[PDB]
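Trainee: Please build the complete structure, drawing on both the sequences and the hints.
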Amino acid sequence: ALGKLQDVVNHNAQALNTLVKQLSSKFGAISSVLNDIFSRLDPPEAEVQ
Amino acid sequence: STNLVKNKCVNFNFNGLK
Numbered sequence: 944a945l946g947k948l949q950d951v952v953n954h955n956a957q958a959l960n961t962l963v964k965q966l967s968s969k970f971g972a973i974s975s976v977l978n979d980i981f982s983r984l985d986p987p988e989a990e991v992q
Numbered sequence: 530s531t532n533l534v535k536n537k538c539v540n541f542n543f544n545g546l547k
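If you read the protein sequences in the order shown, they are chains A and C.
All the letters of the first sequence, read from the start, carry residue numbers 944 to 992 under the entry's author numbering.
All the letters of the second sequence, read from the start, carry residue numbers 530 to 547 under the entry's author numbering.
Accuracy of the hints is not assured; some may be wrong.
[Said to hold, decoys possible] Keeping only pairs whose Cα atoms sit at most 27 Å apart, straight-line, the calculated DSS-like set for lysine-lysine is: (1) C:547 / A:964; (2) C:547 / C:535; (3) C:547 / C:537; (4) C:547 / A:969; (5) A:969 / A:947.
[Claimed, not checked] Cβ-Cβ distance ranges computed for the label pairs, FRET-style: (6) C:533 / A:976: 21 to 27 Å; (7) C:544 / A:952: 36 to 42 Å; (8) A:964 / C:535: 26 to 32 Å; (9) A:955 / C:537: 41 to 47 Å.
Source of the hints: derived by calculation from the structure; they are not laboratory data.
Just so you know, even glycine gets a beta-carbon here, dropped at the ideal spot from N, CA and C.
Mentor: Now the structure itself:
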């Protein structure tokens with residue numbers, strides 16, 4: 944009966960969960976963790992990553 | 530290795546993980 948309101952709540956929660964999940968994406972870099980990038984590379988290539 | 534502190538905001542380095 945109350946599918947419309949629950950649907951709106953689901954879309955908002957799902958969008959937030961996807962946005963949080965996207966931090967786990969390398970995006971074509973060696974790692975998804977910034978601290979690792981500093982701890983492992985020189986600034987000329989770390990800047991690129 | 531340094532000592533561990535509880536309930537305070539610190540910048541830690543555990544085995545290369547910052």
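Trainee: When you take the CB atoms of residue 955 of chain A and residue 537 of chain C, is the distance between them in 41 to 47 Å?
Mentor: Check failed, 35 Å falls outside 41 to 47 Å.
Trainee: With 26 to 32 Å as the target window, see if residue 964 of chain A and residue 535 of chain C comply at their CB atoms.
Mentor: Once the Cβ atoms are compared, 31 Å apart, the range 26 to 32 Å for residue 535 of chain C and residue 964 of chain A holds.
Trainee: Holds or violated: residue 547 of chain C and residue 964 of chain A, Cα atoms, limit 27 Å.
Mentor: Within the cut-off at roughly 20 Å; holds.
Trainee: Verify the proposed pairing of residue 547 of chain C with residue 535 of chain C, using a straight-line Cα cut of 27 Å.
Mentor: holds, 17 Å
Trainee: Holds or violated: residue 969 of chain A with residue 947 of chain A, Cα cutoff 27 Å?
Mentor: violated, 36 Å
Trainee: Taking 27 Å as the top limit, are the C-alpha atoms of residue 547 of chain C and residue 969 of chain A close enough?
Mentor: Holds, at about 18 Å.
Trainee: Is the gap between the beta carbons of residue 533 of chain C and residue 976 of chain A within 21 to 27 Å?
Mentor: holds, 22 Å
Trainee: Does residue 547 of chain C pair with residue 537 of chain C here, judged by a C-alpha cut-off of 27 Å?
Mentor: holds, 16 Å
Trainee: Within 36 to 42 Å or not, the Cβ separation of residue 544 of chain C and residue 952 of chain A?
Mentor: Since residue 544 of chain C and residue 952 of chain A have Cβ atoms about 41 Å apart, the given range 36 to 42 Å holds.
Going through the hint list in order, the structure does not satisfy hints 5 and 9.
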